[PDB]
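The chain contents come next:
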Amino acid sequence: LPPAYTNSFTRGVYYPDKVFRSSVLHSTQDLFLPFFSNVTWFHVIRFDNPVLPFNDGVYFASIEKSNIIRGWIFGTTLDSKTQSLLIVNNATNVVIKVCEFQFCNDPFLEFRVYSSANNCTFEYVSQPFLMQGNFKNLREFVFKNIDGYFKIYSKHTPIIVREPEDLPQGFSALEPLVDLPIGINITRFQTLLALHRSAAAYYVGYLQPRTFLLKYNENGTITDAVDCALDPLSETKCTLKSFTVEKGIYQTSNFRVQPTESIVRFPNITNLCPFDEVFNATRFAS
Amino acid sequence: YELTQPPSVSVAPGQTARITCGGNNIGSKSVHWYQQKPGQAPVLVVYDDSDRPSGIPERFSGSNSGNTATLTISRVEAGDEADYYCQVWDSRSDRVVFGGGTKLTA
Amino acid sequence: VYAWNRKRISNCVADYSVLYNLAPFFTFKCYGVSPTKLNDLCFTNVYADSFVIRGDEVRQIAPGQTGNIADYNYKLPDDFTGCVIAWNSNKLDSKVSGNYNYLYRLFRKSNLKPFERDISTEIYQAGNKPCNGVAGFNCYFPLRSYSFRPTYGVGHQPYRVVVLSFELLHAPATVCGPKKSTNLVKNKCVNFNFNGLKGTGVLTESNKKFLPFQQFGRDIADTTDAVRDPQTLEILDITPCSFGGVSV
Amino acid sequence: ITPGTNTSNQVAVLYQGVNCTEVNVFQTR
Amino acid sequence: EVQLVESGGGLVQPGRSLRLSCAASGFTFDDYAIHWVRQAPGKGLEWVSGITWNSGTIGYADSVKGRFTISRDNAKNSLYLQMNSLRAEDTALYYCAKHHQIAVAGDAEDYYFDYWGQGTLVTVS
Ligand SMILES: *[C@@H]1O[C@H](CO)[C@@H](O)[C@H](O)[C@H]1NC(C)=O
Ligand SMILES: *[C@@H]1O[C@H](CO)[C@@H](O)[C@H](O)[C@H]1NC(C)=O
Ligand SMILES: *[C@@H]1O[C@H](CO)[C@@H](O)[C@H](O)[C@H]1NC(C)=O
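Chain order of the listed sequences is F, V, B, G and P.
Reading the first sequence from the start, the letters are residues 1 to 286 in the numbering used here.
Reading the second sequence from the start, the letters are residues 1 to 106 in the numbering used here.
Reading the third sequence from the start, the letters are residues 1 to 248 in the numbering used here.
Reading the fourth sequence from the start, the letters are residues 1 to 29 in the numbering used here.
Reading the fifth sequence from the start, the letters are residues 1 to 125 in the numbering used here.
Please keep in mind that the hints were generated in silico from the structure rather than gathered at the bench.
By construction, the Cβ of each residue, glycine as well, lies at the ideal position given by its N, Cα and C atoms.
Treat the hints loosely; a few may be bogus.
As the list claims (entries may be wrong) - Stretch-level coverage of chain P by chain V, calculated; a stretch enters the list once three of its residues show a Cβ under 8 angstroms from a Cβ in chain V:
(1) 10-18
(2) 44-55
(3) 110-123
Unchecked claim - In silico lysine-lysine, DSS-like type, Cα no more than 25 angstroms apart, as pairs:
(4) B:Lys-208 <-> B:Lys-186
(5) B:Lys-7 <-> P:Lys-65
(6) B:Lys-209 <-> F:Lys-215
Turn these sequences into a full structure, and let the hints guide you.
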């Protein structure tokens with residue numbers, strides 16, 4: 001599989017904090033998805049299930065008509081060595097657990113994924129799920145790894161046009177749904193495709209430390225946003241708290257050519273210090 | 001406690017059988033039943049005379065009347081020949097008193 | 001007393017008020033904490049260890065106090081933070097149906113490690129002799145139990161004792177305080193503590209549309225001027241008290 | 001340099017203190 | 001689903017000691033009671049002992065008191081049984097049965113078996 005990449009023009013703008021704002025222009029410093037970035041286009045037809053590294057956040061999505069895309073698995077070892085944070089989910093049920101497993105060799109789905117048991121430290125099995133002609137259901141999923149929370153902001157939207165598979169051009173925020181306070185070092189990531197042989201296409205982005213300018217509506221929702229590290233016009237609209245700059249020359253930042261090596265020049269004497277004489281002394285003094 | 005069970009009950013596969021377990025003053029305590037096939041592992045059947053586990057058909061039923069717990073099996077076939085055991089709690093002794101099961105042979 | 005269960009509690013709202021609702025004649029001695037200031041510190045996981053210790057040996061259940069039951073069955077270092085309850089139940093425990101229902105171990109070849117169980121199947125060894133798994137001289141079962149008859153004095157009745165251990169590790173905001181309510185008053189400048197926010201202002205209940213998840217209501221001046229009612233969902237508007245400047 | 005977000009989105013980047021060799025190219029004073 | 005693996009059993013001399021183990025797999029080992037109940041060949045069954053969801057002994061028979069010791073391990077999820085002073089009348093298939101109900105706090109004492117195993121031939125001669 002030679003996985004291609006699509007564009008992510010304006011997608012992945014979640015609510016950083018929990019504060020009602022009305023007609024404001026805030027500038028938050030959190031882990032968002034950069035505008036017009038490269039997002040992998042893993043296609044499931046004949047099917048893919050990689051071990052993509054969960055660095056500091058991923059922007060999961062799905063564009064299909066069925067519900068074969070349901071479930072996630074997190075962890076660093078995934079071989080019953082360390083804990084896990086699977087997000088197994090199905091029709092009107094959520095099987096999110098913390099117990100560690102070895103699955104079999106690779107997840108696929110019935111509880112045919114995992115064949116082991118251990119001490120589970122959470123019981124958030126709570127029922128409420130996280131899930132026309134060509135009204136396809138796009139379901140974004142932002143996962144983070146904050147000190148004590150998982151930050152699982154997600155949402156759902158319908159798309160109309162039956163054009164070739166591609167992220168639509170339209171702003172959409174991601175309201176929080178579940179905030180299970182489980183802390184575990186997560187490095188790996190895996191999606192749980194429903195086998196059901198008796199197809200789809202999930203996108204997997206990556207978050208980076210950025211700086212955005214979120215505009216809130218009178219109703220209290222984020223209608224649009226502009227990055228501050230994409231184009232000079234964006235940095236100009238960021239330094240001045242506005243979305244429509246006027247005619248003129250504006251100061252935005254200062255170029256500073258960054259390094260490219262770290263030279264360490266210490267003396268070339270090589271011996272052993274006589275600390276044994278002073279510290280490990282036979283007779284001390286007064 | 002001490003339960004009295006028939007040594008062997010035979011009946012043709014056209015009608016129902018009569019497997020009874022009685023005691024001294026067993027009128028309110030719960031009565032459970034189990035069916036063990038020869039060679040295989042035991043299985044649960046209608047217990048407490050008011051409900052059945054998942055998988056047991058309507059053929060099995062239980063009825064308690066005063067001092068006799070009867071396990072009625074409907075449409076007995078050749079595949080139902082097994083050993084039926086009846087279990088009582090008897091909280092007076094903090095034990096689990098079993099008894100000699102009946103070998104139902106069609 | 002040697003085979004004790006260890007229950008692991010998860011995120012919840014623990015109310016330390018039903019502990020003193022059972023039968024009388026129960027102790028509430030704590031170690032490092034107090035029942036009046038119990039719902040003030042935040043703990044991640046609380047472990048309950050149940051055991052049937054009884055007699056004149058509950059007083060020596062403390063860090064740095066060796067006895068005859070806490071020497072080879074349960075050891076606690078000098079860091080225990082919790083309260084021990086030893087209420088008596090002489091109605092459903094002491095029965096004539098069975099005297100060997102509860103067990104009791106004896107001295108071992110070495111001291112037990114704190115917070116570790118000693119499930120063992122072998123027989124005690126005197127040190128130099130062939131045991132061969134038989135009941136002979138210098139080779140006997142160290143699980144010497146005692147009877148339970150409803151005829152002894154108070155010092156021999158079964159005491160249901162359970163300890164609680166409070167740990168503090170790198171964990172999110174776990175169980176801390178059962179709850180609180182003060183029956184808020186509207187349209188009057190008074191102190192408020194709505195979900196952490198310890199501010200002073202007036203409630204006016206503005207008609208602003210909060211999102212299902214949005215709790216706070218800060219403004220373009222970085223000041224919280226709207227909060228969601230915790231118990232009965234409603235949007236308030238915390239406006240500061242009346243103030244100004246006098247001129248003579 | 002921006003004509004404004006009312007006519008177009010084209011912007012010109014003016015560096016200060018560079019001789020176009022340490023960053024249509026134009027070198028002013 | 002439920003896999004109650006039973007280990008421990010063989011030919012031992014009368015008067016020795018042994019340890020049988022029953023490991024659970026498939027369900028949670030925190031809210032289900034597990035009992036050991038022997039079964040003589042062609043001579044019915046006989047309940048030996050049992051433990052509830054927590055570490056708790058429910059009692060024994062009238063001929064096994066003081067000789068057998070049952071224990072539970074929620075860390076390893078296993079029920080162990082140590083036997084002492086075995087005689088000629090202890091040759092039976094010891095079965096490890098589970099419980100159906102969740103054993104809520106306030107109820108009545110009524111335990112019944114729901115799942116069965118295979119048993120281990122523990123012969124004493
Ligand atoms: C916000 O909600 C109000 C009330 O439903 C509505 O009248 C207004 O048009 C909405 N504004 C939007 C959707 O931007
Ligand atoms: C809290 O309880 C009150 C009274 O039953 C009820 O009206 C309110 O909706 C409840 N709120 C929550 C948080 O469920
Ligand atoms: C830039 O470099 C050219 C090299 O010919 C030189 O003539 C010119 O004066 C320099 N300008 C500045 C700004 O240093």
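Against the structure, the hints come out as follows:
1. 10-18: Coverage by chain V is violated here, the residue count being 0 at a Cβ distance below 8 angstroms.
2. 44-55: With 5 residues in contact (Cβ-Cβ under 8 angstroms with chain V), the coverage given for the segment 44-55 of chain P holds.
3. 110-123: holds (count 8)
4. B:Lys-208 <-> B:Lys-186: With Cα atoms ~17 angstroms apart, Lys-208 of chain B and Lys-186 of chain B stay inside 25 angstroms; holds.
5. B:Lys-7 <-> P:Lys-65: Violated, at roughly 29 angstroms.
6. B:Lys-209 <-> F:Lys-215: holds (17 angstroms)
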